[PDB]
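Engineer: Listed below, chain by chain, are the residues.
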Amino acid sequence: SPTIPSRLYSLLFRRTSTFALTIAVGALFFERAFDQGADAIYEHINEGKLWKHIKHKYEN
Amino acid sequence: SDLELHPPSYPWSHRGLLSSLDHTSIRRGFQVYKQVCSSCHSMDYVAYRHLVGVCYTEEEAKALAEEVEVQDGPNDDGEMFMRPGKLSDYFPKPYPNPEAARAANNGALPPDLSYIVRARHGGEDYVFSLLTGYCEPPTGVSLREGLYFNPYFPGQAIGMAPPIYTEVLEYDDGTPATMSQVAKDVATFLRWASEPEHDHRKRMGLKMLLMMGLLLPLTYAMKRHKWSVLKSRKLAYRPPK
Amino acid sequence: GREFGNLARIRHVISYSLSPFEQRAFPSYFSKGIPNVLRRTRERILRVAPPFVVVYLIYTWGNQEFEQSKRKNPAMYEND
Amino acid sequence: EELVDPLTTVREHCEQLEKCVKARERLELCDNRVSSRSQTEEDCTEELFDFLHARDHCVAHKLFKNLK
Amino acid sequence: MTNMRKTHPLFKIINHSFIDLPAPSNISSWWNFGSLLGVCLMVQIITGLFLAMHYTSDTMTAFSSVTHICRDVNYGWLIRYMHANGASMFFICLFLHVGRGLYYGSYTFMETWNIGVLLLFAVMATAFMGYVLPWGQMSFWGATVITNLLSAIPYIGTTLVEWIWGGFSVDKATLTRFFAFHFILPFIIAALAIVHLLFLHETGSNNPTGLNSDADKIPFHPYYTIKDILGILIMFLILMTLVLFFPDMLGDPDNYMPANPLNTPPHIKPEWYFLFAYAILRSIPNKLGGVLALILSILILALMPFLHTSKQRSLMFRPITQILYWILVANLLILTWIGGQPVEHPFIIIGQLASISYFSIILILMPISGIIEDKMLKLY
Ligand SMILES: CCCCCCCCCCCCCCCCCC(=O)OC[C@H](COP(=O)(O)OCCN)OC(=O)CCCCCCCCCCCCCCCCC
Ligand code: HEC
Ligand code: HEM
Ligand code: HEM
Numbered sequence: 002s003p004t005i006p007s008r009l010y011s012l013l014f015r016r017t018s019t020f021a022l023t024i025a026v027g028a029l030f031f032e033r034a035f036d037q038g039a040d041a042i043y044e045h046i047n048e049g050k051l052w053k054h055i056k057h058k059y060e061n
Numbered sequence: 001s002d003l004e005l006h007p008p009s010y011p012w013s014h015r016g017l018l019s020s021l022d023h024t025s026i027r028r029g030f031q032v033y034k035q036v037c038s039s040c041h042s043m044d045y046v047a048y049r050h051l052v053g054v055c056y057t058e059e060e061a062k063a064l065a066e067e068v069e070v071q072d073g074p075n076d077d078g079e080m081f082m083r084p085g086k087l088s089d090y091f092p093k094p095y096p097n098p099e100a101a102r103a104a105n106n107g108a109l110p111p112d113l114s115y116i117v118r119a120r121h122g123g124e125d126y127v128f129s130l131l132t133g134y135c136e137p138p139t140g141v142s143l144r145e146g147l148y149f150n151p152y153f154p155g156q157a158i159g160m161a162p163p164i165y166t167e168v169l170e171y172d173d174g175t176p177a178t179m180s181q182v183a184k185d186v187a188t189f190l191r192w193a194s195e196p197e198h199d200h201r202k203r204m205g206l207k208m209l210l211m212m213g214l215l216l217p218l219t220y221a222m223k224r225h226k227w228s229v230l231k232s233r234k235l236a237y238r239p240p241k
Numbered sequence: 001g002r003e004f005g006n007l008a009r010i011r012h013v014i015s016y017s018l019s020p021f022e023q024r025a026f027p028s029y030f031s032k033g034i035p036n037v038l039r040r041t042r043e044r045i046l047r048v049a050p051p052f053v054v055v056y057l058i059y060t061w062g063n064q065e066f067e068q069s070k071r072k073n074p075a076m077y078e079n080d
Numbered sequence: 009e010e011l012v013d014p015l016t017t018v019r020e021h022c023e024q025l026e027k028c029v030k031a032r033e034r035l036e037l038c039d040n041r042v043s044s045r046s047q048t049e050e051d052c053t054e055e056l057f058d059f060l061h062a063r064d065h066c067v068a069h070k071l072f073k074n075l076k
Numbered sequence: 001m002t003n004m005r006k007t008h009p010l011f012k013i014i015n016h017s018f019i020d021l022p023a024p025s026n027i028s029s030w031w032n033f034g035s036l037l038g039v040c041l042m043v044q045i046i047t048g049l050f051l052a053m054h055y056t057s058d059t060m061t062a063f064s065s066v067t068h069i070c071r072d073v074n075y076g077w078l079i080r081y082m083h084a085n086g087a088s089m090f091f092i093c094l095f096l097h098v099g100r101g102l103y104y105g106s107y108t109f110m111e112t113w114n115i116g117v118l119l120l121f122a123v124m125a126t127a128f129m130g131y132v133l134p135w136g137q138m139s140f141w142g143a144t145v146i147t148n149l150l151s152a153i154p155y156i157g158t159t160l161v162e163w164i165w166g167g168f169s170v171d172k173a174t175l176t177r178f179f180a181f182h183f184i185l186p187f188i189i190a191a192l193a194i195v196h197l198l199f200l201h202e203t204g205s206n207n208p209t210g211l212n213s214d215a216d217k218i219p220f221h222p223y224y225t226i227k228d229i230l231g232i233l234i235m236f237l238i239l240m241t242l243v244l245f246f247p248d249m250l251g252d253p254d255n256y257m258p259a260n261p262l263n264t265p266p267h268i269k270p271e272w273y274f275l276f277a278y279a280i281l282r283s284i285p286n287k288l289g290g291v292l293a294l295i296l297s298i299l300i301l302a303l304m305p306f307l308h309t310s311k312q313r314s315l316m317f318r319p320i321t322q323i324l325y326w327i328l329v330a331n332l333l334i335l336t337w338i339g340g341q342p343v344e345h346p347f348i349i350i351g352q353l354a355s356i357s358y359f360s361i362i363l364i365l366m367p368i369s370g371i372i373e374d375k376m377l378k379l380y
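These protein sequences, in sequence, are chains J, D, G, H and C.
Numbering of the first sequence is given in the deposited numbering, commencing with residue 2 and proceeding in unit increments.
Numbering of the second sequence is given in the deposited numbering, commencing with residue 1 and proceeding in unit increments.
Numbering of the third sequence is given in the deposited numbering, commencing with residue 1 and proceeding in unit increments.
Numbering of the fourth sequence is given in the deposited numbering, commencing with residue 9 and proceeding in unit increments.
Numbering of the fifth sequence is given in the deposited numbering, commencing with residue 1 and proceeding in unit increments.
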């Protein structure tokens, strides 16, 4: 039974072009997940102080 | 006296490393500036459109801009005319030129408060200590008209009358407008006015710390891979004797 | 003119190496990194540290001497 | 029903501490010395500065918890 | 077939200077710093170019253009504070590069050392005029003080200062020509750095043991490629934590006021990397004496290869000269602290003693110590 890095090498990491493809796909998915997580951390640090937390009080 | 008094450190809500500004306090401090500080001080590098998305909405800032009158021209006859203000307009001048400020303020020039916590040592702590630090002068020293004692001002003789007392304005959100609360709000507003990029800068810094915490051990591991091919190399000297 | 092939004359020297995929990148990182760092800092601390120690003393003395230089002398305003 | 400034209440609560009352004692010794002399150029701004430094240090330790 | 890397006339130079270059295997992290300097140069140039698309070199509009960059250009505050803190990072890496060259005996590469001290003079001039460029209170008064003390040269000094000013004082022509010169000098710095690399590549690099490393050399790629990449990443970490978290810890607050010729500041400083020289400049109560003290305080690095009296190149096996070197670093830090202090007691006597000790350690104490160290090993 092969392990996870062994199957990752056999399917993706062997060819350099597939290495580039999984790097690009992981780059876009990591970009989306990292911006979501880092943003959620940032409003969790500063709750009730940013404009998007007090925005509902003044809009009509 | 040439001796100076350093302002203390106050526990600001933006004092922390990733701590942003309290935007309700910036809104209240803008109200404090509009009703009190705008009579003498100028804000040449701040416009009304900077308030959109920070303290006010688009229509609230549009109403705030259209409350005042802006000189504009030239007309088709070549003459100047007053017009209602808009979002692209900057904050109105109290005086057309600094010599009018000198004439109206007994020879003193009220400085432009767009970088006033960036151009002073102490920052908003200095502004809070100056606004809440007006007191009677001690014995031995005497001061004339147009002068007021302030131990945080260098030279301890400021030409600015104390502008903030208890209930100098009425807030929109019903907050009690004491001297300390009004001074804290206007210090927060002046901190935003000097650094409008502050929350974005700290969010960028948080993302930078997370990315460097991800990337430094991985690049270190790649370096130690490509160098641990060499760091376990063994040598042997075999002379033929 | 100066490349690999004509750098030095070396005789009777054997080198052994292994693949980086064959060996660990962090072989006993802490357990041998800590005594090596301790050995290096104990071989260099007496040469490095005492100049910066006396910089700290000179800095503190100069700051406090300036502070008492701005201090009011109580000997003045004593005759009258 | 006057609106009470919390800064004032914190200010005398901080003047009840010991370094502030010692510096205030030196300030009264100075104004006793200076105000009882006819012609002098002595000004004691420096221990007024010491008293204000200690007092506003302990004020800034605990002022902002009472401000909305 | 044909190996394209070793035959193509553009790729051959790139190969010989970055891939198949024989480098010593044992050079520490200090040897990263020069490459960092090159990266910093590129970073400065790139950020400088993106400051130049919105900056106006007019005394009515220079401060307004800088505030417009910080407030209205998208991420313009980021590029401006990256430029300022990258100048500070440039001088940090420059000082550590020069300290590496002094400690490990790398000044025996004399042509490389002289091209280096020329690069150091050019970088200091570029940073001075760049700090004049935002036209704040501090910029105008620093330029006024530096040119006024440059007027100390007899019989030509007033004419030279009025020629540099283009007028009776620091005015619009001074700011515009300082913009032109600050724009053009980093490309001359890049060309001088290419000459610097050529003069190093005639003989290879030095190693921390100071011995002939010809028996143990490795290709530059991939070892020092990935080591320089790691150093670039660490330097970028320090630069972005300087920009995004403490953007004004190294600058002066008084530069955020507009330039008032009528109002003088209570205390006038250059930025921190000039400060020690400023202390030396005020350690002599004579204007020409202070000016020549500053010039020889920078040029003593050029005088350094003629003062080497030891039979060992590096200081790895030389403990007395190591102690003297760290005392030299110590009073360089002391002169940096004095340069930011006002001229009263005891800063005057501390700065005078620090300047005397600096020149006596570099000129007198190190060759005598090297003679003593050669005597201890039964060599002299
Ligand atoms: C006599 C040495 C006795 C040592 C006893 C310790 C135990 C030794 C045996 C056990 C081994 C322990 C670890 C050994 C580490 C390496 C060896 C070592 O530290 O050797 C001692 C070292 C070198 O000795 P050496 O150079 O021969 O002494 C000449 C002194 N000038 O010498 C030193 O480290 C001494 C350094 C003293 C530096 C004093 C500097 C004072 C002046 C600083 C001025 C700075 C600027 C001031 C301001 C100027 C402007 C106003
Ligand atoms: C007209 C009576 C003014 C009112 C209303 C406000 N300020 Fe003012 N200010 C005024 C003058 C004439 C001066 C200069 C006095 C001098 O001797 O220089 C000032 C100065 C300031 C400063 C600068 C302090 C410094 O160290 O330079 C600040 C930070 C300041 N004033 C703040 C301030 C605020 C926040 C105000 C609204 C509550 C305000 N001032 C109103 C004149 C007048
Ligand atoms: C050719 C490339 C360069 C260009 C086009 C350039 C351009 C500029 C411009 C337009 C400014 C004014 C904007 C501002 O206030 O920041 C500036 C400021 C500055 N530059 Fe450069 N620059 C270049 C390279 C450098 C280098 C290599 C250094 C370092 C020696 C440097 C140091 C500075 C400094 C210290 C400032 C002042 C920053 C401040 O306001 O605090 N510049 N530069
Ligand atoms: C403009 C800034 C500078 C740049 C970009 C620069 C660039 C470089 C580079 C890329 C190297 C090779 C890598 C290394 O050994 O670190 C190097 C080495 C060297 N530089 Fe510089 N340098 C600069 C300033 C200086 C100065 C001011 C000096 C003189 C004090 C100097 C003297 C040397 C020496 C002696 C070496 C050889 C290192 C050795 O073999 O020990 N450099 N420089």
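Just so you know, the hints here were simulated from the structure itself, not pulled from any lab data.
Mixed in with the good hints there might be a few duds.
What the hints assert, rightly or not - List time: in silico DSS-like cross-link candidates among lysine-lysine, alpha-carbon distance up to 30 Å:
no., chain 1, residue 1, chain 2, residue 2
1, C, 12, C, 269
2, C, 172, C, 269
3, D, 34, H, 73
4, H, 73, J, 58
5, H, 73, G, 70
6, D, 34, D, 93
7, C, 6, C, 217
8, H, 27, H, 73
9, H, 30, H, 70
10, H, 27, H, 70
11, C, 172, C, 12
12, J, 58, H, 76
13, C, 217, D, 231
14, J, 53, D, 86
15, H, 30, G, 72
16, C, 172, C, 311
17, D, 234, D, 207
18, G, 72, H, 27
19, D, 231, J, 50
20, D, 93, D, 62
21, H, 30, G, 70
22, D, 231, J, 56
23, D, 207, D, 231
24, J, 58, D, 34
25, D, 231, C, 227
26, C, 227, D, 207
27, D, 231, G, 70
28, D, 34, H, 76
29, D, 86, D, 34
30, H, 30, H, 73
31, C, 269, C, 311
32, H, 27, J, 50
33, D, 62, J, 50
To be verified - Far from chain G, some chain C residues (derived; all Cβ distances over 12 Å):
no., residue
34, 15
35, 58
36, 73
37, 260
38, 261
39, 265
40, 319
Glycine residues also receive a C-beta, built at the ideal position from the N, C-alpha and C atoms.
Engineer: Please go over all the hints and tell whether each is borne out by the structure.
Structural biologist: Structure-based check of each hint:
At most 30 Å may separate the alpha-carbon atoms for a hinted pair to count; residue 12 of chain C and residue 269 of chain C exceed this at roughly 48 Å. A hinted pair counts as satisfied when its Cα atoms are at most 30 Å apart, and residue 172 of chain C with residue 269 of chain C qualifies at roughly 22 Å. This hinted pair checks out: residue 34 of chain D and residue 73 of chain H have alpha carbons roughly 26 Å apart, not beyond 30 Å. As the CA atoms of residue 73 of chain H and residue 58 of chain J are separated by approximately 24 Å, the hinted pair is consistent with the 30 Å bound.
Pair hint residue 73 of chain H plus residue 70 of chain G does not hold up; C-alpha atoms about 35 Å apart against a cutoff of 30 Å. For the proposed pair residue 34 of chain D and residue 93 of chain D, the alpha carbon gap of about 12 Å is at most 30 Å, so the pair holds. For the given pair, residue 6 of chain C sits about 19 Å from residue 217 of chain C by alpha-carbon distance, which is consistent with the 30 Å threshold. Between residue 27 of chain H and residue 73 of chain H the alpha-carbon distance is near 23 Å, which keeps this suggested pair within the 30 Å criterion.
Straight-line distance between C-alpha atoms of residue 30 of chain H and residue 70 of chain H comes to about 21 Å, which keeps the hinted pair within the 30 Å bound. Under the criterion of a C-alpha separation no larger than 30 Å, the hint pairing residue 27 of chain H with residue 70 of chain H is consistent with the structure, at around 17 Å. Proposed proximity of residue 172 of chain C and residue 12 of chain C is contradicted: the alpha carbons are some 48 Å apart, above 30 Å. A threshold of 30 Å between alpha carbons decides the hint, and for residue 58 of chain J with residue 76 of chain H the separation of about 17 Å falls inside it, so the pair holds.
Distance check on the hinted pair: residue 217 of chain C and residue 231 of chain D sit about 14 Å apart at the alpha-carbon level, within 30 Å; holds. With a CA separation close to 24 Å, the supplied pair residue 53 of chain J and residue 86 of chain D stays within the 30 Å bound. Straight-line distance between C-alpha atoms of residue 30 of chain H and residue 72 of chain G comes to about 18 Å, which keeps the hinted pair within the 30 Å bound. Distance check on the hinted pair: residue 172 of chain C and residue 311 of chain C sit about 55 Å apart at the alpha-carbon level, beyond 30 Å; violated.
A distance of roughly 43 Å separates the Cα atoms of residue 234 of chain D and residue 207 of chain D; the hinted pair therefore is violated under the 30 Å criterion. Of the supplied pair hints, the one linking residue 72 of chain G and residue 27 of chain H holds, its CA atoms being roughly 20 Å apart against a limit of 30 Å. Restraint check for residue 231 of chain D and residue 50 of chain J: not satisfied, since their Cα atoms lie roughly 52 Å apart, outside the 30 Å limit. With a CA separation close to 18 Å, the supplied pair residue 93 of chain D and residue 62 of chain D stays within the 30 Å bound.
In summary, the hint linking residue 30 of chain H to residue 70 of chain G is supported, as the alpha carbons are separated by about 21 Å, within the 30 Å threshold. The hinted pair formed by residue 231 of chain D and residue 56 of chain J fails the criterion: a straight-line CA distance of about 58 Å is larger than 30 Å. The hinted pair formed by residue 207 of chain D and residue 231 of chain D fails the criterion: a straight-line CA distance of about 34 Å is larger than 30 Å. For the hint linking residue 58 of chain J to residue 34 of chain D, the alpha-carbon distance of about 21 Å falls within 30 Å, and the restraint holds.
As the CA atoms of residue 231 of chain D and residue 227 of chain C are separated by approximately 14 Å, the hinted pair is consistent with the 30 Å bound. A threshold of 30 Å between alpha carbons decides the hint, and for residue 227 of chain C with residue 207 of chain D the separation of about 24 Å falls inside it, so the pair holds. Distance hint between residue 231 of chain D and residue 70 of chain G is unfulfilled; the C-alpha atoms sit about 59 Å from each other, more than 30 Å. Using a Cα cut-off of 30 Å, the hinted pair residue 34 of chain D and residue 76 of chain H holds, with the two alpha carbons roughly 20 Å apart.
As the CA atoms of residue 86 of chain D and residue 34 of chain D are separated by approximately 16 Å, the hinted pair is consistent with the 30 Å bound. With a C-alpha separation of about 27 Å, the suggested pair residue 30 of chain H and residue 73 of chain H falls inside the 30 Å cut-off, and the hint holds. Simply put, residue 269 of chain C and residue 311 of chain C have alpha-carbon atoms about 42 Å apart, too far for the 30 Å limit, and the pair is violated. Distance restraint check for residue 27 of chain H and residue 50 of chain J: the Cα-Cα separation of roughly 37 Å exceeds the 30 Å cut-off, and the hinted pair is therefore not satisfied.
As the CA atoms of residue 62 of chain D and residue 50 of chain J are separated by approximately 23 Å, the hinted pair is consistent with the 30 Å bound. Interface exclusion of residue 15 of chain C from chain G breaks down, the closest Cβ pair being 10 Å apart, not more than 12 Å. Every CB of chain G is more than 12 Å from the CB of residue 58 of chain C (nearest about 41 Å), matching its label as outside the interface. With 12 Å as the threshold on Cβ separation, the claim that residue 73 of chain C sits away from chain G holds: the shortest Cβ distance comes to roughly 41 Å.
Every beta carbon of chain G lies more than 12 Å from that of residue 260 of chain C, the smallest distance being close to 27 Å; the non-interface claim holds. Non-interface call for residue 261 of chain C relative to chain G: holds, since the shortest CB-CB distance, roughly 30 Å, exceeds 12 Å. Here residue 265 of chain C stays apart from chain G, with its beta-carbon at least about 19 Å from theirs, past the 12 Å limit. At roughly 6 Å, the least C-beta separation between residue 319 of chain C and chain G is not larger than 12 Å, which violates its mark as non-interface.
Comparing the model with each earlier hint shows violations of hints 1, 5, 11, 16, 17, 19, 22, 23, 27, 31, 32, 34 and 40; every other hint is respected.
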